[PDB]
Amino acid sequence: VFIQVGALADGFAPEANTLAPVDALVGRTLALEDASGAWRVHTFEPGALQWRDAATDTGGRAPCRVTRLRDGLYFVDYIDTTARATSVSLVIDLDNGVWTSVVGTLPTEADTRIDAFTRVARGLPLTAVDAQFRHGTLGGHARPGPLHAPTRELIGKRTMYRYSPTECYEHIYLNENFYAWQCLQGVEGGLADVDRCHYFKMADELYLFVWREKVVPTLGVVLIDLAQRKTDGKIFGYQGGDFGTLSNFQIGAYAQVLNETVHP
Amino acid sequence: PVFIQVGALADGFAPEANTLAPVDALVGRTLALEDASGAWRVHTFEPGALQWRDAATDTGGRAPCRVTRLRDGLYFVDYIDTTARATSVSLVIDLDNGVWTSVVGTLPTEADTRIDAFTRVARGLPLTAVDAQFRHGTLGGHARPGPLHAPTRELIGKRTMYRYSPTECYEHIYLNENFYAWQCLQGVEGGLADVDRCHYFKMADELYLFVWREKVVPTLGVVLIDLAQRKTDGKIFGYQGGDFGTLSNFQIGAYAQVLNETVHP
Ligand SMILES: [Ca+2]
Ligand SMILES: [Ca+2]
Numbered sequence: 044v045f046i047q048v049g050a051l052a053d054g055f056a057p058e059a060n061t062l063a064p065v066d067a068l069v070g071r072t073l074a075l076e077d078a079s080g081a082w083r084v085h086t087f088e089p090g091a092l093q094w095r096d097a098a099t100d101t102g103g104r105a106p107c108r109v110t111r112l113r114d115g116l117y118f119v120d121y122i123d124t125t126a127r128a129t130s131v132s133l134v135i136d137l138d139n140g141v142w143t144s145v146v147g148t149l150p151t152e153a154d155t156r157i158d159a160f161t162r163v164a165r166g167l168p169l170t171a172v173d174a175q176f177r178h179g180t181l182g183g184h185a186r187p188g189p190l191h192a193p194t195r196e197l198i199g200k201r202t203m204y205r206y207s208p209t210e211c212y213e214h215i216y217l218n219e220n221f222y223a224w225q226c227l228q229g230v231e232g233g234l235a236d237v238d239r240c241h242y243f244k245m246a247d248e249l250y251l252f253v254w255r256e257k258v259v260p261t262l263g264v265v266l267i268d269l270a271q272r273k274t275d276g277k278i279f280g281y282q283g284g285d286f287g288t289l290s291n292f293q294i295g296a297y298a299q300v301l302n303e304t305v306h307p
Numbered sequence: 043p044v045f046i047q048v049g050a051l052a053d054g055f056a057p058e059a060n061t062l063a064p065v066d067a068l069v070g071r072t073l074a075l076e077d078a079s080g081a082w083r084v085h086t087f088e089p090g091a092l093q094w095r096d097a098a099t100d101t102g103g104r105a106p107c108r109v110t111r112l113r114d115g116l117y118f119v120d121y122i123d124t125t126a127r128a129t130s131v132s133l134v135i136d137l138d139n140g141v142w143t144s145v146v147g148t149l150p151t152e153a154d155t156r157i158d159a160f161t162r163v164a165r166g167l168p169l170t171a172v173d174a175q176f177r178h179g180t181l182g183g184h185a186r187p188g189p190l191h192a193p194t195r196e197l198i199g200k201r202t203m204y205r206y207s208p209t210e211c212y213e214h215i216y217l218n219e220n221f222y223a224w225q226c227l228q229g230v231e232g233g234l235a236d237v238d239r240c241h242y243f244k245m246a247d248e249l250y251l252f253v254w255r256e257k258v259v260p261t262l263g264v265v266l267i268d269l270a271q272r273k274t275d276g277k278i279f280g281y282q283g284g285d286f287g288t289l290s291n292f293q294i295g296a297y298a299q300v301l302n303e304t305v306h307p
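Read top to bottom, the protein sequences are chains A and B. Start counting the first sequence at 44; every next residue gets the next number (PDB author numbering). Start counting the second sequence at 43; every next residue gets the next number (PDB author numbering).
Simulated from the structure, these hints should not be mistaken for lab results. Yeah, the Cβ is synthetic: ideal placement off N, Cα and C, and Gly gets one too. One or more of the hints may lead you astray.
Pulled a few chain B residues facing chain A out of the computed Cβ check, cut under 7 angstroms [what the hints assert, rightly or not]: (1) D154; (2) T155; (3) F160; (4) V163; (5) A164; (6) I198; (7) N218; (8) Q225; (9) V237; (10) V258; (11) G284; (12) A298; (13) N302.
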């Protein structure tokens, strides 16, 4: 039995291994620029941010979470309420002057009703959750470091993630495009799927992992720190099966790499 | 990037396949497959074909079939049952111990496949529309038959690679009692993967019957996995194309290698 993201949130809530937010960006105004030009200015306040598309000076204010799993890199997550069912996650490396954004959109009902076999017929992706990625530099930072880029370094690992004493999953990073997950313990106990995913390298042994689910529409965004054996991220989906209220909740886990598989 | 139709998969798996030779060992035999409820289906073998008679529906038919022998005493029989829409019948028969398992599988109609996964979730329906019914029994007239086949947890936790031919190679990861992941390492589906609904049964020491039912491209897979001999023998069944018309049912066989075993603390 598969479950809605709002019920997932409820299972992940208590005794979670989540990082405590930091206020370290409060008072900063960060100009995120990329190869297309200025993208979005973000000004941080306690618990919240104001964002402005650099071109139109159009944006919003949103409650936001900022966490710092590894020193010098900040994960910022907020819902963009000027758009339908959209979340925005950033990883900002202050000392290198580089950033990655993930802008995620959940599907309409009409999209979800196009079944997988028809999607096969039409050459459409199986997941209807959309994710756009940008990789840029921080305006005003002299001599920024290299842009973040895709990585193959997780492929072949099988890792267990203890999200709390009652929630535990494993991921198996199959290839550049797909990973398998299963819930070992939790409200999704015994469930498993393969889903579309994306891997980026943020720093030595630090990865940004993004997935997009095809059964229950879900966007996951997590930073995986294999040196600390810890992860920090979020899950975004509809609270229920009615395409209305959104669920966007913090997750964090202790990580254990169970094995590495090499195919001769 | 790209899923393919079963007919294309058949074409990819055809050349230099690691399949077993079909055998004519059962020609002239009538096997009376019985279960606890009574007679199930009697099968009489002739060269390349069998005749069957179904006790409960009182019906019969003739069909071409394949019979293969992976392990001594144990026979895999497969046929399309043309008397019903899009139905396949696979038997594992152990002539040493006098026991059998059957898988009767049905491919979904087009209307059924159009019910999307999220709607299935909201209604509590299975995600795969492929149906499989299992029976286990004894062979009629077989003295002192051995224990029945039954479900097994013995493959759970294994990760195995299967080389079906020089150009076709998949791995399976047996996640739990209901589900496994697969990935195509080399072949016409190269780089594709999914998780699908599966079933595991133990036929003999280190010999398993694995059945899976796919949720993206409707497909039934039935395979004997012999971990002692490091070899598999079975079939894949689906539609040739995306039009719910002609059926594909083709033999597979692979050289197996267990890559690792995963225990979760
Ligand atoms: Ca999920
Ligand atoms: Ca398949």
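Hints versus structure:
{"no.": "1", "hint": "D154", "in the structure": "violated (10 angstroms)"}
{"no.": "2", "hint": "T155", "in the structure": "holds (5 angstroms)"}
{"no.": "3", "hint": "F160", "in the structure": "holds (4 angstroms)"}
{"no.": "4", "hint": "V163", "in the structure": "holds (5 angstroms)"}
{"no.": "5", "hint": "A164", "in the structure": "holds (5 angstroms)"}
{"no.": "6", "hint": "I198", "in the structure": "violated (11 angstroms)"}
{"no.": "7", "hint": "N218", "in the structure": "holds (6 angstroms)"}
{"no.": "8", "hint": "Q225", "in the structure": "holds (5 angstroms)"}
{"no.": "9", "hint": "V237", "in the structure": "holds (5 angstroms)"}
{"no.": "10", "hint": "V258", "in the structure": "holds (5 angstroms)"}
{"no.": "11", "hint": "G284", "in the structure": "holds (5 angstroms)"}
{"no.": "12", "hint": "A298", "in the structure": "violated (13 angstroms)"}
{"no.": "13", "hint": "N302", "in the structure": "holds (5 angstroms)"}
In this structure, the hints that do not hold are numbers 1, 6, 12, in rising order.
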